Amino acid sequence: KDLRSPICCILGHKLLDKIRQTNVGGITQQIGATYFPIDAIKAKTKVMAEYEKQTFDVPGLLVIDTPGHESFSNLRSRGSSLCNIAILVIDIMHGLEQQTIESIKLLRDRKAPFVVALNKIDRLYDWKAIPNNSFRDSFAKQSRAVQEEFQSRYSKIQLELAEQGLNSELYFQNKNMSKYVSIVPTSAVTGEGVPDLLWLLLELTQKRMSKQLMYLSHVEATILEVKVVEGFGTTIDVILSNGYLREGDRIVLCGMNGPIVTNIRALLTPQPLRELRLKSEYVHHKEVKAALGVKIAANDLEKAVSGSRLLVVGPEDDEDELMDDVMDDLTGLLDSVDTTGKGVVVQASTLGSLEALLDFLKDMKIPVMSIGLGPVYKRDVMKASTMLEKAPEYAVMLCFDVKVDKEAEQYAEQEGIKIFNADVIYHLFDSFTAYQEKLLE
């Protein structure tokens, strides 16, 4: 069979610094991701033969490495196209951070599958480490004492997980993955448990997600970043999870003001050699194939929507129809709102973030007049102005993980339009409630 390389991401507070380490093969830094060829994974999971059967039927594994929630930029309905499984990192020493708690809620709302990497086991007192060893092997070789510290901290964390509504189990004791998330103890410092983690990701993707890895005729590529690069203008960073992209390809994209159609001018990956980075930070490719994180340079990318997908226009294909098709997600979001009624104006970083926020605002019966994506401008604030006479209360903008232009802020202040901006939804809610209540007293 020709199976796709599965794609995963890490939700962490560096663990991936340890996984990406190789000792004198073929692990490559890509754009916004790191790719692990299957042979490298074999080498790194060699010690797992002691405990498990091994399966190597995929070309490799792609790890989305950016620091945010970029793996959830698209609609949840296309989630698996962007990321097959998440790794929720939890500190064994000081337990759950708040960021961890949010990540748990986000994962539940996205309905995304994940495992837990229970990191920092080295910090257990008198931990005697065996570099890059499997967990069970190093653990059996610890003192009874060390084994007991592990059990204590582990149980504390299981409690803290149960408090976020999660039941949890060590991965080799999970017989009910539908009920229990698997826990893999790791050390970013020593590398211990990393073989276990690789084996487990391989296992879950190849065994319980075989259909997701099945060969696909058509391209699957999702926009994660829209970034200016001097010499290229506005570029886009994408995850190509299926198919091929070629220099010169006619592509259509979802944009803030409608569909964009353009032609690929360059396909770019990072330049690994220091000396060559003096000449260019990138390697140009005539053609690339999944699974990879790649930067695309093309004209007219300025209004591109993060989380949107790419369609390649074939000689046979109708461009106008495809242009309509690409919009479907954003348009579906637009249909969820009544532009006529009284309501707030909403603006979000990505299709996924916009969807998560809209779902929330509907859950709270909070009406929304207008919808938007990306950085906030004065023209965007102006949308809420109409609200002021009809309702003082709804003349507000609810913004998620976006930037507000100074001009927009001054305009809002001078107009008495409230701008609430946060990177966690409940912050927005609390601010809005507070505002309404203030208006009441």
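Positions refer to the first chain, counted from 1. Shifts are known only where both forms have a C-alpha. If you superpose the two forms and keep the largest set of C-alpha atoms that fall within 1.5 Å, you have the rigid core. Compared with the form deposited in another entry:
- The rigid-core alignment places the CA of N421 less than 2 Å apart between the two forms.
- Segment displaced between the two forms is 423-441 alone (run of at least 3 consecutive residues, each Cα moved 2 Å or more after rigid core superposition).
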Contents of the next structure:
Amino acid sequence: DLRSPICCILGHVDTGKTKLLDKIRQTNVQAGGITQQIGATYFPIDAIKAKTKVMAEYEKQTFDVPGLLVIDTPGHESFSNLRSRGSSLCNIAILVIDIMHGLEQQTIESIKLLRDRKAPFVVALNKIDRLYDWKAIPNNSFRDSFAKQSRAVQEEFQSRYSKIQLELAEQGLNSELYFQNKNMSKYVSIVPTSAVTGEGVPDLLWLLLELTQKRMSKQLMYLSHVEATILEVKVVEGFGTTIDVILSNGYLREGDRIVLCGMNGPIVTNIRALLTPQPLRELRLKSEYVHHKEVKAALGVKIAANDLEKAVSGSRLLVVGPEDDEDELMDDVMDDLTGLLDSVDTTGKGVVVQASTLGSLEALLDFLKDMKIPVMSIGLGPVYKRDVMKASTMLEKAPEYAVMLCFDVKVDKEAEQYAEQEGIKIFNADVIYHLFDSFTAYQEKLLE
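Could I have the structure of this protein in the form deposited in another entry, to go alongside the form deposited in one PDB entry above?
Only one chain is given; partner chains and other molecules are left out.
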């Protein structure tokens, strides 16, 4: 019937997003069936019902979708694919904000990322239990526990919340509590949360269900064509190169013929194995993985197959069924990469760019297009000496354009030394915006 929605959690360090995730993950004693998958964890709808029971006191409950899928992996893997395709990787985003700290640098970074991404999101106001002399009711709804609290506590909460709402107003986005908010489009919804007590978690889950079911009912339907995107390319012993992928829709089976985007060219291979993590320590001891002859959306799965090393993160994966043309499909999957590649001119004066994923590369090229800096070549995966040579060619005619913009990429020591001696400039940042700031700083420092 319906397709399970995908949730992603992003916040400044020590906000409690991991702890919150663990609280939601917590085994329910009554339900159950929550499985840790590769790059994600899945919650069956019954477990959510069990967790969202108290929300019956304030809101109408709907449980149409089979489950909720959230992404465990730290960072921004949920945005490794193109923004148009982005809906597949992340239906809704959870921005965790410490009610104590309020807005922080990584928070503003994440906000800007979401605005560029045009991705819908809600904010979780975590650490509310830390409010002075807060009396906690484990796993209670927010409004109930708030009503339970003393006037002093309510006033402290109101002060901090008002401050944070003001800070969000500074970033240009209007914010309101989820029940108070009239329109989701204009106002972002705040749900106060405590990852330790579990307070607000029912509100959060209910809100996710509401937004995803109502707004994304349109977005999430069942499709017989496969829908999947590669979160990561990782090397696992006994399998060589494997790809960790989120299967948003459809069925994947062993022995399937699949085509995926690759740096040099399109990759075609047959699935040798479909793998999921194994919870039981005793069984995990024999083998770290469980094999599935067939796998059904929505879940995060590790795919083992030939020629996976060339694979690019963020790329969509297509299965050629009978009556389908594999070559046509290769062009189809490659279309995003080619689409980005064309924007760069192999012939002309430009800078060199290297990125980890398609989405990061997209954001980079968008930034350069805005700043009007031309790009001669595009790079994916680890930086090598040749990639630096590409920039080295620019040195004779234009010293200023002989630079490398690299995001979330690993640079070889040989490449590092070569660039060091040659005088090429390499920009590398964990955060995409850090690279923007440092780069503009470099341009203005060369401008003087």
